Amino acid sequence: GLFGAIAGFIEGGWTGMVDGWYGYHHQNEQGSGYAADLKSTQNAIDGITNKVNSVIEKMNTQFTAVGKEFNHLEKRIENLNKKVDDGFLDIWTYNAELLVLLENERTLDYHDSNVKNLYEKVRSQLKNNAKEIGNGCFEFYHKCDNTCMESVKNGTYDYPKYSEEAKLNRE
Amino acid sequence: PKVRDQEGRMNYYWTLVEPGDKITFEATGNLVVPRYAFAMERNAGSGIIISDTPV
Ligand SMILES: *[C@@H]1O[C@H](CO)[C@@H](O)[C@H](O)[C@H]1NC(C)=O
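Just so you know, the protein sequences line up as chains D and C, in that order. Going by the authors' numbering, the first sequence opens with residue 1, and the numbers climb by one from there. Those letters in the second sequence? Residues 221 to 266, 266A, 267 to 274, per the authors' numbering, in order.
Treat the hints with care, since some could be wrong.
To be verified - One-sided excerpt, in silico: chain C residues whose CB lies under 8 Å from chain D:
| hint | residue |
| --- | --- |
| 1 | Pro239 |
| 2 | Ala264 |
| 3 | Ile267 |
| 4 | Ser270 |
| 5 | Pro273 |
By construction, these hints were calculated from the structure, which means they are not laboratory data. Even for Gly, the Cβ is constructed at its ideal location relative to N, Cα and C.
Could you build the full structure based on these sequences and the hints that come with them?
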């Protein structure tokens, strides 16, 4: 996309991660599995929910009847009424078509942005204790147990703690 | 020209009467006098639907 993460440097998506839209997949000595990041998932949910409502509910109409009846000696104002009805039809069709075209692009970029930013929050924590092996994965230069995993996701990874071990494994 | 076997014609007319007003008919012939009127009160403007769709 624009941010180049979805269908970009992260090739595909995970049918296994069912907790949310964005998350992690880890494996270490004591197991493996998926886990969604709810902080970014909820923000996207709260944001997309507000976006659909803003398109639906900023449309408010009043009671009106479109049916006007004109006899055979009123063809002029009957064609005028047709020009009004056909005029509103052309506008509301072009607006709705272009709106859904444009905002579908924006929404797919918004999900691309969230994956990119979620990736940078992890990269800027594991500065050189982990290896950017590409494909949106990090290989740690140290043993990272399930306690350590839950801290990278939480955003509280202790760099000075594991910097000692990762220095020597880099060789 | 004959329309439903009638060489003649008959125009129809209508008008509204305000609450507390009078209407006067007067003719020496050719008047189709009213028999039933309608005490009405028209609410917001609506339309008319023409369709074979059932109710
Ligand atoms: C997660 O981050 C919060 C931030 O205040 C911190 O208090 C907490 O100790 C961290 N770890 C866990 C397991 O929640």
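If you test the structure against every hint from before, which numbers come out violated? Violated: hints 1, 4, 5.
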